[PDB]
Each structure stands twice: as structure tokens, then as C-alpha cells.
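The form deposited in one PDB entry is given below as one chain in C-alpha cells.
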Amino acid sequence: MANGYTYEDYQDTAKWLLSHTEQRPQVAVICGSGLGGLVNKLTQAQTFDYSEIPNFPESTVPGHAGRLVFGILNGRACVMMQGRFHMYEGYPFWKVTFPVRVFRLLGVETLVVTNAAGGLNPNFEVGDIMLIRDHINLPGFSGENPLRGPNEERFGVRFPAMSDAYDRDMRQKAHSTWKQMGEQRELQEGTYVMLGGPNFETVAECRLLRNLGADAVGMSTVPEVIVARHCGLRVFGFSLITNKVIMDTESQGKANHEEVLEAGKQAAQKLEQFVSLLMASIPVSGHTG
């Protein structure tokens, strides 16, 4: 595979956006986990449907609203994707990650990512929030990488590092902030593993993922962190633990799609609240001062 967007494609899109809103957000938020309520916290909210934005791919998967929203979250101006793209929809990674590069051209400096993942770590309970410390990019092992093809120097270098992808200063901020929240449960932190999807894992597969050191498993986020880190954005994200995966053959077995219970309800509301507060801690001036 190879990139199909030219540097100008991204520029035309950013210029289109800049000519349709006076808002200039410094933070971008990609909400994977059904957190519609996050958009409900936005002040001076303005929305754009993916279909009306030049060069913007369309969302298909259910629960994904499919719209870019600009607004003020806790005194901080931001832009957020209400629903993301996944390779399992048939989308190549350079399409899945198209918006991340447009964000960089809008002047955004920090990218927050969220998703819903299956807990692999035995100590995780449903509804747990997991600060992403590191990831394992399985699709990347086989060569399926959003940066495949000729490198765009105007975005970044050919061989970028990923060992420091999840901002450490912001992780310290997340922990302190969680404490202030007066939460009974502790803030988890671990390694997120990504695979293609769309089917759910088998017991054998879950065991393999865990033995490799994975703490949670999902079908997204990683490609966006790669591209964001490649073009220089500060990154940090969370995984809403919507379920504990089956590790024994004799049990409930069939991993159904009840993730919709935690999404929108239960822990999602706490995650949204958590995200709003974090906006204040985020570096750079914009949040009032």
C-alpha cells in the first residue's frame, strides 16, 4: 500500500475548515468510546458532517456519529471527531489517519485519544479506565502501517521513534487529577494491543495477547498515534474497559457486543468528566490563561 493524499490535499482541507469557523483549537480529541456526552459539554459548539468536508472519509460503523465538532471544553478550545475510522471498514491506514494531519495544519498541538477495549489484565474490572502507557502494533509487524510509501518531509522524518509516544508529563497530570476526583477505584495504566478485527478474539488468542504483555485489546487508535507522533503532536489517551475477556474454555464463551452498556452510561460519564478537567492541565496558553 502507499499514501494517496498529497500534502496539498491536507492543506486544502485545513484551509476549508479555517474559512468556515473563527475557532482556532489547540487540542484535538478523537472519541472512539461511545462518549456522545463529551460533545454535550462543548460550549459554542459548531458541527461539520464528514461528507461535507473536502477529502474527509465517511464513518460507517454504528455508534459513530460521523461528524467533526469545534467547541469550548472547560475553557479550552478544541476540535473533536465524534466517531473514528477503522481498517476493518475496508479503509487503508492513510485514510484512517487523514484527520490527524489536518489537525496539525490547523495549528493543533495536543491530541487526546479514547477507545473501548477488552481487558486482558486480570486485575482490571469492567468500567475501569486505563491510561495508555504504551502499545503493541500488531498490524505494523506485517507492514500494514499508515506511513508506508514515500515519506512526506513536510510532516516528519522517515524513521520516527515510538518509544515515547504517550506523553509522560500528561500521564502524571492524569494521575494527580484522578486523585482530586475522589474516586474509589484507582486509575489503571498499561499497554494497549491493536489487531485488525472485526470479529472478537478466541480464548487461545486472548491468552496469546496477554502472554505477550498486553493489558487491553482493541481495533483502533494505534495508527493515529503513529501519524500524530510522526508530525509532532503531543499524545495521550485512555481505554474504557468495557469487558473482561474469556480466558477459560468452559464459561460464557461467546464475546457478544454488550460494550454499549458501559458506553454512554456507566464509566463513560466518568471518563468524559475526567477529560474535561484534564483540559485545564494541558500545556500551552488558551484555557483562560
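Residue numbers count along the first chain shown, from 1. Definition used throughout: the rigid core is the maximal C-alpha set that superposes within 1.5 Å between two forms. What changes on going to the form deposited in another entry:
- Once you line up the core between these two forms, the CA of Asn256 is the only one from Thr47, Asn256, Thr43, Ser51 that shifts by 2 Å or more.
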The other form holds:
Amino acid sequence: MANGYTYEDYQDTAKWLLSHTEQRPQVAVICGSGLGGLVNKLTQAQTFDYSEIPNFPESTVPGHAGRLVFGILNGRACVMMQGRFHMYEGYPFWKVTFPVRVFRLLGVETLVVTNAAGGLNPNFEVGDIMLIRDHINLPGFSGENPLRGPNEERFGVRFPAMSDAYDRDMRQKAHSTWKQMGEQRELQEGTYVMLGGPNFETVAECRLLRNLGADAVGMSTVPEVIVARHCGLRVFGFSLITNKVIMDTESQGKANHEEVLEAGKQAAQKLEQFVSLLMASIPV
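And the form deposited in another entry, for comparison with the form deposited in one PDB entry?
FYI, this one's just the chain on its own, none of its partners or other molecules.
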């Protein structure tokens, strides 16, 4: 069955949030695996567990708290998803992307998406931050898309373009901000490739993904960007490179979830600082 949410379901949820907080966010942030710490910088924060918000799904993955937090971050009013949804949990893309449309109805204009990703580009090192300049939607190639089914004209057009999904102006700002931080390592930039999961990749799959032109691999984000662009939200996002993908059969180890979470904590002070500074000029 295609999207089971009607336009009214989104507004009902939006009305409920508006009726339970005085906060009116302009920016929305989605926190990935081991990135839930970004919420700690919010002032005047109000938290809502996903389970208490009508129509909201629930995050079942370790490293995803499952809480919507409103607050002020470096002067800008924003709402953060401390934990997100993935298709490997059993969620159809229309459930995975529910919050994005609700955000649009709350008056939000900018969406910031983050995630933990495996590094495909050889020049990447664990701990690197990669600005997502583009993506490759593998599930979309087969028809698995959050927009499949009747189009809701109240959100956007039937055939939205994706060539300009990641805002160019925001990416320039990200680079200027990084230089101001005095970081020794350069801010990376590249293409993110999404696949279903939940298992980690084989050596053969990784070589293929790299040869397709991808720099980092992950199991989320893309469906949210698609829905976000469909409804006209400005999108900006980045991947925290938590591990280097195994490219040789002499497997000197293998990817594991705790290592990615561990990496998130490791890069906590850096990402939070970066996101906090980025708030200045979103624009508005």
C-alpha cells in the first residue's frame, strides 16, 4: 500500500505540536547514529517523546533516542529529531519521511540532515566530516520511493527535480565556517549513496559502489531529502565518516554498530560546534 497518510494527518500532528509549545522553529535538524549529542546545545528546550506525538513513528535503533526537541541554538529557533527512522526497521518510506512534511506545516524553511556513513573515498579518514553535495538513490531505482502513489498537490509537484537538492549557498557557508574554526583537517565534500541494510557490505559491493562514483555509503537520509525538496524546503546535510569500508579480501576486521556510535561520541565536540556556528545565516 502506498502512502497511508492524508494531508489532514500531517496538519493534525502539526496543530498538536503548535498547541503544546510556544517555540516556532525555522530550522529542522535530523540527528543520525551517534549524533544525538547535538541537542545538548539547545536553550529553552522542550522535549516530546515520539510515542506521545499523534501519528509519529518510533525509532528502535540503538543510538536513536526517539525524541523531538525544540530549542534555541546559537540564536536560531530550531527543532531536532534526536534519532530517525530507517527502512530496515520495517518502515515504508512514507512512514520514514512523516516528520519532514509536518516540519513544513510548522513553518520550517530549512532542513539539516546528518548521518554516520562508511567511507568509500580512499582519501577519507575516520572522523572526517563530508558535506553531501549529491546522492545516488539505489532504492529509488527500483520504485521504492516516498513519493510513490497519488501526488498531494498541496505539498509539491508530481515530478520534482533533484539535480539541485543540496543548497549551493549553504555549502559555501559551511566551508567559510570550517575555516574559521581553525581545523587542521579539511572539510570533505561528496556523493552519498543509500542502500537498504541492515547488514554491512561485502568487499565486492564496496568496490562497485566506489566505482559508481560514491564517496560514502549509508542506510538513510535520501528519502528525507526527496520529500523535503518536493515540499520546497532548503536542504543541507553532512556525513560523519565513522569507518573505512573494507575493500580487500584480507579482512583485517569488519564494520560494527558500536564502532560507529563510538566514533560519534569521539567527534561530538567538533560537530556540535560546527552545527552551532552554522545556525548564523541559514538564512531566514
